[PDB]
Each structure stands twice: as C-alpha cells, then as structure tokens.
Amino acid sequence: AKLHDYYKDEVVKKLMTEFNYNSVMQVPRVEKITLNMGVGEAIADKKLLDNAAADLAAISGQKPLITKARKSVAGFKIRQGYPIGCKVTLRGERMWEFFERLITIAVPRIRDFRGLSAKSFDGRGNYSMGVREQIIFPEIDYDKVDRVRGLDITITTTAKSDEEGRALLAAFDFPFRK
Amino acid sequence: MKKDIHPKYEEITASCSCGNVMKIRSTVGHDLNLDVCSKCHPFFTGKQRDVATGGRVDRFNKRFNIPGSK
Amino acid sequence: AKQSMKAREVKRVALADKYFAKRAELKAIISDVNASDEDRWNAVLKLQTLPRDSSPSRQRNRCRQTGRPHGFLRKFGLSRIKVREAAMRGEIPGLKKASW
Amino acid sequence: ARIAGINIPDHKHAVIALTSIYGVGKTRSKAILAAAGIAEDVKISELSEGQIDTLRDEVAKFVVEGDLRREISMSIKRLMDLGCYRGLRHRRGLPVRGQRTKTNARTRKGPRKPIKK
Amino acid sequence: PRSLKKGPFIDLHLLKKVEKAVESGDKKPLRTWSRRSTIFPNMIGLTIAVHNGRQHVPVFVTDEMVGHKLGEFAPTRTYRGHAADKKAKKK
RNA sequence: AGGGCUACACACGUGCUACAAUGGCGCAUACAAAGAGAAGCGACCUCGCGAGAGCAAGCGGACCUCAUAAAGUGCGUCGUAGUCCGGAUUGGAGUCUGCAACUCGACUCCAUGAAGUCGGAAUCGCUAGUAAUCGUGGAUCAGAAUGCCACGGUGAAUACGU
Numbered sequence: 001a002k003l004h005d006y007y008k009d010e011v012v013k014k015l016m017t018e019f020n021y022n023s024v025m026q027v028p029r030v031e032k033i034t035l036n037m038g039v040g041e042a043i044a045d046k047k048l049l050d051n052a053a054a055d056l057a058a059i060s061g062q063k064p065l066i067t068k069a070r071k072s073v074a075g076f077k078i079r080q081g082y083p084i085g086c087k088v089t090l091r092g093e094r095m096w097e098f099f100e101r102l103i104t105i106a107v108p109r110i111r112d113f114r115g116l117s118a119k120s121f122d123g124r125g126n127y128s129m130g131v132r133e134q135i136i137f138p139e140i141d142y143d144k145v146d147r148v149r150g151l152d153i154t155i156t157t158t159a160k161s162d163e164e165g166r167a168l169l170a171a172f173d174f175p176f177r178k
Numbered sequence: 001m002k003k004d005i006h007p008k009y010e011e012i013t014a015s016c017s018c019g020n021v022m023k024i025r026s027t028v029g030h031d032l033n034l035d036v037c038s039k040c041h042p043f044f045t046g047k048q049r050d051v052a053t054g055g056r057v058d059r060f061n062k063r064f065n066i067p068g069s070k
Numbered sequence: 001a002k003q004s005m006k007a008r009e010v011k012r013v014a015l016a017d018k019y020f021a022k023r024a025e026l027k028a029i030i031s032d033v034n035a036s037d038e039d040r041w042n043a044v045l046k047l048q049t050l051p052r053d054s055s056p057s058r059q060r061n062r063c064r065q066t067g068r069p070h071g072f073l074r075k076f077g078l079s080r081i082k083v084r085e086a087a088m089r090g091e092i093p094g095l096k097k098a099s100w
Numbered sequence: 001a002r003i004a005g006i007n008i009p010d011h012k013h014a015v016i017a018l019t020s021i022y023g024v025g026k027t028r029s030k031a032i033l034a035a036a037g038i039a040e041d042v043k044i045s046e047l048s049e050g051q052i053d054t055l056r057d058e059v060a061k062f063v064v065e066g067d068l069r070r071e072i073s074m075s076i077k078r079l080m081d082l083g084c085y086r087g088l089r090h091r092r093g094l095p096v097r098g099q100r101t102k103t104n105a106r107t108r109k110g111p112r113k114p115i116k117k
Numbered sequence: 001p002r003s004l005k006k007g008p009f010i011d012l013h014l015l016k017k018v019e020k021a022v023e024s025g026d027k028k029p030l031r032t033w034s035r036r037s038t039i040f041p042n043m044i045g046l047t048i049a050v051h052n053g054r055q056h057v058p059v060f061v062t063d064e065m066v067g068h069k070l071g072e073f074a075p076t077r078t079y080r081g082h083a084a085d086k087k088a089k090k091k
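Residue numbers (the deposited numbering), protein chains in the order written: chain BG, 1 to 178; chain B2, 1 to 70; chain AQ, 1 to 100; chain AP, 1 to 117; chain AV, 1 to 91.
Honestly, the hints are just simulated from the structure, not real lab data.
It is possible that some hints are incorrect.
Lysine-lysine pairs mimicking DSBU-like chemistry, simulated, CA-CA at most 30 Å apart [to be verified]:
1. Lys144 (chain BG) to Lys14 (chain BG)
2. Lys39 (chain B2) to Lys8 (chain BG)
3. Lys90 (chain AV) to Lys116 (chain AP)
4. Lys46 (chain AQ) to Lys16 (chain AV)
5. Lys46 (chain AQ) to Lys47 (chain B2)
6. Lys144 (chain BG) to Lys8 (chain BG)
7. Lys47 (chain BG) to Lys70 (chain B2)
8. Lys27 (chain AQ) to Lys62 (chain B2)
9. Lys69 (chain AV) to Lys27 (chain AQ)
10. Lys46 (chain BG) to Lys8 (chain BG)
11. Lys90 (chain AV) to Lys18 (chain AQ)
12. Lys91 (chain AV) to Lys116 (chain AP)
13. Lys144 (chain BG) to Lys160 (chain BG)
14. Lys27 (chain AQ) to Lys87 (chain AV)
15. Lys160 (chain BG) to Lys23 (chain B2)
16. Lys46 (chain BG) to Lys23 (chain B2)
17. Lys39 (chain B2) to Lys87 (chain AV)
18. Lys77 (chain AP) to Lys86 (chain AV)
19. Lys113 (chain AP) to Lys69 (chain AV)
20. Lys86 (chain AV) to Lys46 (chain AQ)
21. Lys70 (chain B2) to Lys47 (chain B2)
22. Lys46 (chain BG) to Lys2 (chain BG)
23. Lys119 (chain BG) to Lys47 (chain BG)
24. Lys144 (chain BG) to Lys23 (chain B2)
25. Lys39 (chain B2) to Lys23 (chain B2)
26. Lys32 (chain BG) to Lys119 (chain BG)
27. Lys102 (chain AP) to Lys117 (chain AP)
28. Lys62 (chain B2) to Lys144 (chain BG)
29. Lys69 (chain AV) to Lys47 (chain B2)
30. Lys86 (chain AV) to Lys113 (chain AP)
31. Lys116 (chain AP) to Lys86 (chain AV)
32. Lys6 (chain AQ) to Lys18 (chain AQ)
33. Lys116 (chain AP) to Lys23 (chain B2)
34. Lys27 (chain AQ) to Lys70 (chain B2)
35. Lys69 (chain AV) to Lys46 (chain AQ)
36. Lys63 (chain BG) to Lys70 (chain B2)
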C-alpha cells in the first residue's frame with residue numbers, strides 16, 4: 001500500500017527525533033491487528049454470525065472461522081458450549097491499507113464511542129479499540145440491517161512500552177487522552 | 001496474506017495524505033460529553049414569539065375596550 | 001351551597017377594575033400581531049400575573065340567589081332546578097310553558 | 001400510463017391518480033398537472049410516456065416517503081429520549097394531542113385483556 | 001394543533017428566584033409549584049424543584065431542556081400495568 | 001397555585017360519522033329557515049394561503065354580523081382491492097383566549113397514514129313532516145360539542161292479525 005513506505009520515510013524519523021532514541025529501530029511500528037468481534041451465541045442458528053461476517057468484510061475481506069471456547073467452564077454463558085469471536089486478522093499489505101483509513105474515515109463513521117482511555121495501555125503498549133459499531137469502509141452487501149457489532153480492534157506492536165504503543169496513528173491527528 | 005478474498009482498494013490504498021476538504025479526518029464531540037438527543041433545544045435557539053404576519057396595522061398607544069365602545 | 005363561591009363573586013369585581021382596566025388591550029398591544037417590530041419585550045408582559053384572578057376566564061359566576069354550584073344559566077343568575085322553582089310560582093317575567 | 005409503476009392506479013382521472021406516488025396529496029397534484037400541460041379530467045391511460053416524463057419531473061422535487069417517515073421516526077425518538085410528556089406518551093403509543101384513552105383501544109393497544117366485574 | 005401563540009414569556013414567578021440563584025452560580029432547590037411555566041436561557045445550570053400535585057421533583061436545567069415545560073419532566077398520572085387484576089379478599 | 005372527572009387494561013351504555021358508489025373525487029352550479037350577538041359580536045380598514053388576523057366606526061338585530069347552509073344540481077371519472085370509501089394517528093408551519101396551553105384548550109392547512117367490507121350473545125325508537133338523513137342556529141359559553149335544545153332542506157315500510 002501507499003501508507004508504509006511513507007510511514008518509514010516520514011514518521012520514523014519524527015519519532016526518532018522526538019524521543020532522542022539511540023537506534024532507528026527503537027521507534028514503534030504497527031504489528032498485525034487481529035480483531036475479535038466477540039459476538040457470542042447463535043450456536044446452531046449462524047444468522048448473527050452472518051451479520052458479524054458482513055461487518056468484518058468491510059475492513060478485511062477474509063472468511064470468519066468463528067472461534068469456539070476450548071474447555072467450556074468459564075464465567076461466560078454456557079449452552080451447548082458457545083461460539084464467540086471471528087479474528088478477521090489484518091496482516092501485511094492488508095494492515096498497511098487499513099491504518100490509513102482508520103482515523104480519517106473510521107471516526108467520521110463513529111458518532112457514539114466510549115473507548116480510548118490513556119490508562120488502559122499495558123504490556124507492550126498493546127491495545128483493543130472499542131468503537132461500539134461497524135466502521136464501514138465501502139462494500140457490497142454490508143447492509144442487511146442490524147445493531148451493536150462494535151469490535152475489539154486488537155492492535156499488536158514491536159513497541160515495548162505504553163507511550164511507544166500510543167505513538168501509532170499520531171501522524172493522523174486524533175484527540176487522544178494524555 | 002489471503003490475497004483473493006479481499007475487496008477492492010480504489011480509495012483504501014489511495015491518498016494516505018488527504019485533507020478535511022469535504023469531510024473531517026477526526027470528529028469533535030463523538031466521545032459523548034453530553035448525551036445526543038437529535039433535538040435542537042428551542043427557545044434557547046429561535047424565539048419565544050412567532051413571526052408577526054397577519055393583522056399588521058399601525059399601533060395605538062391608548063387603551064380600548066371591547067364592551068367599552070358603543 | 002358553600003360560602004367560597006359567594007366569596008369569589010364579591011372578590012372578582014374590585015380586582016377586575018383594579019388589575020384589568022390598565023391591562024385591557026395590553027395583551028394585544030405588547031404580545032400579539034399589533035406588536036409587529038414594536039414592544040415584544042418580556043419586561044412589559046411579565047405583568048399579566050396580577051390580572052390572573054380578574055380574567056374573562058373566571059367569569060363563570062354561578063347562582064346569585066343561592067350561591068349553588070353546577071348547571072348555571074347567566075340569563076337568570078340561576079340553575080335548572082332553581083329556575084323551574086321560581087317559574088312554578090310565576091317569579092320570572094315573560095316565562096311561559098312552551099307549545100308549538 | 002404509470003408515472004413510475006409498482007402502484008399507480010390504471011385509468012383514473014389525474015387529480016386522484018397521483019395520491020400513490022407519495023409526497024403528493026390532491027393539492028400538490030393539481031399544481032403538477034397544470035404545470036406539465038395536463039388537463040385535470042383526462043384519465044392517466046390517455047398519456048404517452050413523453051407526457052409522463054414531463055409530468056414526472058414536476059412530481060420529483062417533493063419529499064420522498066423514505067425521508068418523510070425517517071424524519072417522523074427521529075421526531076418521535078428525539079422527544080422519547082428526553083422523557084418530556086410528549087416522549088412519555090410515545091413510548092406506550094397513548095395519545096399526545098389530548099385524545100381519550102377510555103375506550104376503543106384495539107387498533108393502538110391491541111387484544112382484549114381480563115377485567116374483573 | 002396547539003401552540004404558545006404570539007407573546008414573549010420569561011415568568012414573573014421564576015424571575016426573582018433565578019435572579020438571586022444565578023449570581024451564586026448555583027444554590028439550594030428552588031421551591032416551584034408553577035409547572036405551567038416554560039424553561040429559558042436565564043435558568044441554565046440551576047435546579048428547580050417541581051411540585052407535581054403530590055411533592056417536588058428536582059429538575060436540573062441545562063442547555064438541551066430549554067425547549068420544554070417543568071410539568072413535562074414532572075409526572076402526574078399513573079399507568080396501571082395489565083398482567084392481572086387484584087381478585088380476592090384478605091384474612 | 002398546581003394536579004384531577006375526559007385516567008386506561010378492558011368490558012359495558014349511548015350518540016356521532018363510516019363501511020359505500022343513492023357516493024367520494026376534480027372542475028362548474030343552486031335556493032334556507034329560524035334565532036343569536038352591551039365577559040359579546042362588529043362594517044370599513046389593512047395584513048393573511050384558504051380560514052383567519054389585529055384595528056375600529058358601530059350594534060340592539062327585518063338594518064350590520066355570525067354565514068361561505070349543506071345534502072342536492074351539471075360533466076368526466078371510479079368497482080369490493082380498506083378503494084375511487086373512511087379518514088383517527090403523527091410530524092411541521094400560519095392563526096387564537098389566557099401568567100400558563102405537556103398530560104385536560106381552539107381554528108386553519110401540507111404530507112404520509114391504521115382501525116372498520118354493516119357486527120354471535122346484545123339492543124331501541126317509530127303510525128307520517130313521524131321514522132330516516134343532511135346542514136344551521138342557540139342555552140351554557142375565556143378557549144372546548146360528538147351531547148342537549150329549537151329550526152329549515154330531502155323524507156319511508158306498513159298498521160292484515162292478537
């Protein structure tokens with residue numbers, strides 16, 4: 001895609017100056033973004049699974065496998081086991097395509113949002129962006145009329161702190177918390 | 001990458017440098033500081049008194065009384 | 001019967017004259033269409049609280065003879081039962097049995 | 001000849017015939033006919049498709065039903081989300097313009113329910 | 001259909017209470033029974049405790065509610081749910 | 001001062017208006033009676049999209065107004081599909097009486113648009129200006145009429161038999 005040859009050329013030097021790091025590589029990048037869309041239920045019915053597939057398709061076209069829980073003893077609702085999430089991982093060129101549409105067209109889609117606490121970053125500076133709804137990039141038959149199906153946008157990083165996690169999408173101007 | 005299953009790239013890979021020329025790149029107030037009502041709050045915006053057409057006649061500064069005239 | 005409906009009838013006439021006389025056309029002059037780009041000022045229409053009891057909207061009167069509630073007739077100062085009672089003994093002028 | 005199809009009534013006089021394209025009651029349809037060079041009293045079957053075109057362009061300015069009914073959905077929802085008495089009466093379906101509750105409840109409030117006597 | 005016709009309203013009754021309350025930013029619930037009266041710019045960030053015929057309900061004023069009456073937020077009537085009528089006597 | 005009977009879950013009573021085409025729709029077209037109008041209505045007036053509006057001479061009602069009486073009349077149009085009947089709901093604007101019009105107020109109007117295809121049990125008035133059906137006015141009356149009360153349009157089956 002266009003994005004990453006440009007993030008290399010522009011943002012990696014910005015970050016390199018701004019943090020006074022000792023290597024060009026000490027600066028964070030975006031590593032594969034897995035998603036969830038932890039939808040739940042529809043164990044025989046798969047209609048609410050079909051509506052979750054047509055929402056994921058907008059952003060990343062690959063087939064939902066629909067993951068099931070491996071032991072079934074947890075605190076979630078059990079009835080015949082349960083299916084929950086999808087993945088529909090953004091990876092490589094697909095990920096590089098995604099990271100330019102996020103902020104620029106995905107927030108203008110969103111009108112009601114409760115995510116993006118600054119305290120919640122942990123570990124790697126890994127995060128999952130609770131957008132409350134489908135962030136629809138242009139698609140055929142996304143529309144079948146439904147509700148809810150906001151998704152975890154589960155970002156992963158070669159960033160190894162919380163602030164180096166928060167330095168993704170910073171050459172996009174978004175109002176992130178301190 | 002599972003290449004084939006991916007939908008088209010027409011405005012996706014294109015212009016990762018784009019303006020606010022027709023629509024914003026990030027929105028203000030979508031994180032809800034107040035709940036959105038989809039109403040405009042009238043009499044804060046707009047008038048406590050309506051447009052004045054119909055019955056437009058030069059004003060009389062002295063009292064008149066409907067049973068009081070004969 | 002009640003003294004409250006007689007007390008009302010007496011209270012309205014000094015207060016009709018006191019609040020209302022200055023206020024007569026004042027609803028039309030300061031508020032309605034006659035206020036086309038003239039008046040329309042809250043500070044001259046906050047004054048219609050005073051005429052509230054003295055209003056055309058509270059001249060429901062009921063009987064003058066008895067003070068008796070409900071079913072009133074302005075043309076007698078009476079009600080159904082009490083008209084008929086005065087009419088039986090011929091106390092009302094012009095009143096006769098109807099036939100046609 | 002049908003303005004747009006699906007529901008236009010075939011061979012009806014022209015003022016009544018357009019009350020199935022929506023955004024166009026009797027009044028709006030009277031101005032549309034006069035404007036297009038249509039007499040009120042021809043039946044719609046008398047028109048060639050190029051008269052339908054001329055007529056239709058004057059139909060097309062007005063509000064479409066899909067937008068009409070979204071405004072009225074969002075109007076009732078805007079009040080219902082505030083909890084003003086307007087909004088409170090919408091929730092249940094009960095009258096907002098002062099109408100009775102006391103009888104003839106089947107079209108709004110649904111099937112008969114037990115009442116001890 | 002109904003309106004508020006043509007005149008300008010601020011309520012005389014809300015004016016003295018508001019005038020002293022706005023100077024403080026905010027103060028103790030203003031005891032109002034005058035629920036026929038509409039909400040206005042002057043009243044924003046105050047708390048009007050609204051007689052409903054039985055008792056006062058505190059109504060918080062804020063910019064989205066100036067299009068409304070005090071009596072609109074404050075209830076009157078009771079709606080009786082409809083699962084079953086009360087049948088029986090109690091001993 | 002604010003709330004309430006007219007609440008609402010339904011059942012039950014009554015009347016209106018309807019389910020049709022005897023009609024509705026468009027464009028043109030007609031004649032009333034009787035009365036009411038000093039909280040009231042009101043010429044002329046200017047404003048208004050019809051209605052209306054505010055102003056005001058004025059009124060005593062065979063003068064002026066409510067009032068544009070409606071059904072009915074003319075031509076073309078429509079066939080049981082909730083329609084070409086019925087228009088409730090509801091969104092919005094223009095107008096009104098009043099501190100105040102949200103639940104419990106009025107008038108006009110634009111758009112879309114549900115119940116109802118003459119109702120089992122139930123259920124009444126009627127012998128002829130009657131029953132039926134249409135409009136109008138009035139007592140009450142700030143602002144509310146489907147009610148009630150009187151008036152005028154068009155106006156029926158049969159009364160063998162007990």
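Original post:
Are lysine 62 (chain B2) and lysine 144 (chain BG) close enough, with their CA atoms no more than 30 Å apart?
Top reply: Violated - the C-alpha atoms of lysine 144 (chain BG) and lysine 62 (chain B2) are around 68 Å apart, more than 30 Å.
Subject >> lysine 46 (chain AQ) paired with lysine 16 (chain AV) [C-alpha distance capped at 30 Å] >> reply: 12 Å, holds
Original post:
Within 30 Å, alpha carbon to alpha carbon, are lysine 90 (chain AV) and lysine 18 (chain AQ)?
Top reply: 59 Å, violated
Original post:
Quick one, are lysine 46 (chain BG) and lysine 2 (chain BG) close enough, alpha carbons at most 30 Å?
Top reply: 37 Å, violated
**OP:** Assess, step by step, whether the Cα of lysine 160 (chain BG) is no farther than 30 Å from the Cα of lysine 23 (chain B2), and give holds or violated.
**Re:** Violated: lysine 160 (chain BG) and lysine 23 (chain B2) sit about 35 Å apart, past 30 Å.
Subject >> Proposed proximity, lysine 23 (chain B2) with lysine 144 (chain BG) (alpha carbon, max 30 Å) >> reply: 26 Å, holds
**OP:** For the pair we were handed, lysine 113 (chain AP) and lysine 69 (chain AV), check the Cα-Cα distance against 30 Å.
**Re:** With a Cα-Cα distance of about 35 Å, the restraint between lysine 113 (chain AP) and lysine 69 (chain AV) is violated, given a limit of 30 Å.
Original post:
Straight-line Cα separation of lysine 6 (chain AQ) and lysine 18 (chain AQ) no greater than 30 Å?
Top reply: 20 Å, holds
**OP:** Sort out whether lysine 70 (chain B2) lies within 30 Å of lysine 63 (chain BG), counting only the CA atoms.
**Re:** Roughly 90 Å between the alpha carbons, so the hint for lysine 63 (chain BG) and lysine 70 (chain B2) is violated.
Subject >> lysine 39 (chain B2) paired with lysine 23 (chain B2) [C-alpha distance capped at 30 Å] >> reply: Within the cut-off at roughly 23 Å; holds.
Original post:
Under the criterion that the straight-line Cα-Cα distance not exceed 30 Å, is the pair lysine 39 (chain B2), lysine 87 (chain AV) satisfied?
Top reply: Roughly 45 Å separates the two Cα atoms, so the pair is violated.
**OP:** Quickly compare the C-alpha distance for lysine 70 (chain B2) and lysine 47 (chain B2) to 30 Å and report which way the hint goes.
**Re:** Distance ~38 Å between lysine 70 (chain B2) and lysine 47 (chain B2) Cα, so the pair is violated.
Comparing the model with each earlier hint shows violations of hints 1, 2, 6, 7, 10, 11, 13, 14, 15, 16, 17, 18, 19, 20, 21, 22, 23, 28, 33 and 36; every other hint is respected.
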